Structure formats: structure tokens, C-alpha cells
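Next up is one chain by itself, shown in C-alpha cells, the form solved without this ligand.
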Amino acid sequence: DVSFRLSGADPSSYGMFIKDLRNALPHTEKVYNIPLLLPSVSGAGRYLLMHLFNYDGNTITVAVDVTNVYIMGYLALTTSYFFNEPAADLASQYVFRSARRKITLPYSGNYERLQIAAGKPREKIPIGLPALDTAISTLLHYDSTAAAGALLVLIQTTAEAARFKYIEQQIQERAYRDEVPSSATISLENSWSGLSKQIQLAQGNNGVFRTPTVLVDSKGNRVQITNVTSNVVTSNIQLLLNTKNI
């Protein structure tokens, strides 16, 4: 398991949590020195548990699929909650089985569905450590509309930060003040699968992408990533979605 406590949290302790999260995901090989997530894991070993504690010390446990860093569900006191999707239902066969009751959320875990449920795009939802504190607190008691926004915050401040150093740094900058994600942050989130694929395809193609990936940079400028010498590949991305899952 991995843990993070909002009480006394700072950029360093958050950085340690994101390091722990990354290090808890298994891999047998690296591609261009980036860990390649496994094609599959059978049984309960597929799921990592993240223990998150809000400022008051109340906690939820979040179940994460270690092959794709997708959040499947979470436990709050004696109630488990899972996304309304086959991968999440499968996860519910292995984690939080001791919950007194299980609620299936009225949406799947993908960004478009969560944004519909929340009533707003994540362009408009502030993120940061204070927002994460709020998100944990919200998830402690069932409210499906509120939970959608909370889960958008949760996914970005955990999984997406694990996947991209830039996003981790963006949250560290929001340690004591929330701010909506940069357009670059959104671009990277939307491009993780694509980047992961092209970095793997580059292995037998002299480091060259078969298809360029279009991103937005830190200054709001759109750019094409064409090969593995790009800063996105050398410095930023920290985990690759296995092409067998793309």
C-alpha cells in the first residue's frame, strides 16, 4: 500500500507520496528508461491501495489498477464505492470485500462521464492539495454529483501526477492555493495513452514516433512531439501504458 496525509502536507511530503505511488506499480522492463506497466496482473495483485487522510485525519482507501493507474473504486468507513464499468465490477471481486455495503456509482471513471456528472469540465475545477483535502472529505459521505468533482480532483492529484513529472510539479505549486490545471496539464492527461504507444513504437523505429503527438506547452503554445529526444519523453513522462492495453 501507499499513504498520504494532508495534515502537515507540503511539496516535499506530496513528492514523497507520488514517488511511493510510482514505485508501487510493478514493471519488468523500461522503454527509453521509462517504466513500462505490465500487460496484465491476475487476482488481487492487480490492485494497489492508496490510504488518503484528510486534514482532520479521516481516511478513504482508493483502489488503483497497477497496469494502467486507473482508479477503480474506494472505501469510506464501511461503504465501498465503484465506478459503473466492467473493470471496476471485476475489482470489486478482490478489494473492500469486508465493506458492510457496496455502492456502484452512477457513472464510469472516464473524464467525459465524470465531467457530465459533475456539471463542469475539469478546465474549470481547481486542483491542488487543498482541493484534494476537500475531495477526500466529500467522498466520506455519499453524494454522487459532489463525488464526480471530487474524483476529477483525486484522479489528477494522484494518478496523473504519478504519470507526469510536470503534473506533480503543478500540484506542488498548488500546495497551499488551488488553481485550475494549466492547458498543458490537460493536454498531457489526454495524451498519456498516445504518448505511451508512440514511445513503445519508437523502439523499433530509431526513436521516431510512427505518429506525432500534439501537445500544449507551458506557455499555452501547441506543439508536435515526433521523437524520443523531446523533453516530454526524456524528463516528464514517468510511466508507460503497455501497448497491449491500447
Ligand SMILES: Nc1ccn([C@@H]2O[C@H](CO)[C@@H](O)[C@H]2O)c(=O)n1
Contents of the next structure:
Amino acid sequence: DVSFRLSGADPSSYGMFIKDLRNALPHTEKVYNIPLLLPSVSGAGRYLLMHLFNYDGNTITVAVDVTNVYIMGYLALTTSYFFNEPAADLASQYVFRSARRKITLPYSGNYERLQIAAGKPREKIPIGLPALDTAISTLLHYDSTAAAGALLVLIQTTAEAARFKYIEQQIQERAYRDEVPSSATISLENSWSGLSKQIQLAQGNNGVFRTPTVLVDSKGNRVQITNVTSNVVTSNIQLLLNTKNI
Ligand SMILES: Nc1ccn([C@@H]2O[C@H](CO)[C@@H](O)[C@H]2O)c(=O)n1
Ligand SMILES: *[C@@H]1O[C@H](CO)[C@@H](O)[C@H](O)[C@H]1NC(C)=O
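Switching from the form solved without this ligand: structure of the form deposited with this ligand bound?
Below, the chain from earlier opens the complete complex, with every other chain and molecule after it.
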């Protein structure tokens, strides 16, 4: 398991949590020095438990699929909550079984569906450590519309930060003041599968992408990523989605 406490949190403690999260994901090899997530894990070992504590010390446990860093569901007191999707239903066979009741959320976990449920795109939803405190608090008691927004915050401040050093740093800058994600942040989130694929394909193609990946940079300008020498590959991305799962 991994844990993060918002009470007393600062950029350093958040950084330690994201390091722990990354290190909790298993891999047998690295591709261009980046951990390659496994094609498959069997049984309960497929799921990592994240214990998150709001400023008041109340807690939820979030279940994360270790092959893709997808959030499956979470436990709040004696109630479990899972996304309305087959992968999450499968997860419910293994985690939070001791919960008194299980609620299936009225949406799947993908960004497009969560934004519809929340009533806004995540371009307009502030993120940061304060927002994460709010998200945890919202998830403690069921409210599906509120939870969609909370989950958009949760996914970005945990999973996406684990995937990209740039996103981790963006949240560290928002340790005491929320701000909507940069255009680059959104770009990286949307390109993780594509980037993971091209980096794996680059092995066997002299480090060259079979298909270029278009990203927005820290400046708001649209760059094109063609090979493993790019900063996105050498410094930014921290985990690769296995091509088996793409
Ligand atoms: N069950 C799920 C499904 C998806 N996701 C996140 O949303 C993105 C897909 O739009 C994915 O890239 C992933 O980050 C999630 O957190 N949990
Ligand atoms: C590889 O990517 C770098 C950085 O984006 C770029 O400068 C260079 O032109 C690319 N090299 C090749 C051979 O495409």
C-alpha cells in the first residue's frame, strides 16, 4: 500500500508520495530507462491500495490497477464505490470485499464520461493539493455529480502525476493554491497511451517513433515528438503502458 496525508503536506511530502506510488507499480524491464508496466497481473495483486487522508484526518482507500494506473474504485468508511465498467467490476471481486455495501457509480472512469457527469471539462476544474483535500472530503459521502469532479481531481493529482514528472511538478506548484491544469498537462494526459506505444515501437526502429506524437509545450505552443531524444522521453514520462494493453 501507499499513503498520503494532506495535513502538513508540502511539495516535499507530495513528491515522496508520488515516488512511493511509482515504486509500488511492478515491472520486469525498462524501455529507454523507463519502467514498462506489465501486460497482466493475476488476482488481488493487480490492485494497489492508496490511503488518502484529508486535512481533518478522514480517509478513503483508492484501488489502482497496476498495469495501467487506472483508478477502479474506492472505499469510504463502510461503503465501496466502483466505476461502471468491466475492469472495475472485476476489481470489485478482489478489493473492499468487507464493505457493508457496494455502489456502482453512474459513469465509467474515462475522462470524457467524467466530464459529462461533472458538467465541465477538466480545463475548467482547478487542481492542486487543496483541491485534492476537497476531493477526498467529497468522496466520503455519496454524491455522484460532485464525485465526478472529485474523481477528475483525484486521477490527475495521483495517476497522472505518477506518469509524468511535469504533472507532479505542476501539482507541487499548486501545494497551497489551486489552478486549472496547463494546456501541456492536458496534452500529456491525453497522449500517455500514444507516447507509451511509440517509445516501445522505437525499440526496433533506432529510437525513432513509427508515428509522431503532437504535444502542447510549457509555453502553450504545439510541438511534435519524433524520437526518444526528446525531453518528454528522457525526462518527463515515468511509466509506460504496455503495448499489449493498447
Ligand atoms: N477506470 C478508469 C478509466 C480511466 N481513467 C483515466 O481516464 C483516462 C481515459 O480518459 C485514462 O488515461 C486514465 O488516466 C481512470 O483513472 N480510471
Ligand atoms: C529527434 O527529436 C529531437 C527533439 O525533438 C529533434 O531535435 C530531432 O530532429 C529528432 N531526430 C530525428 C532524427 O528525427
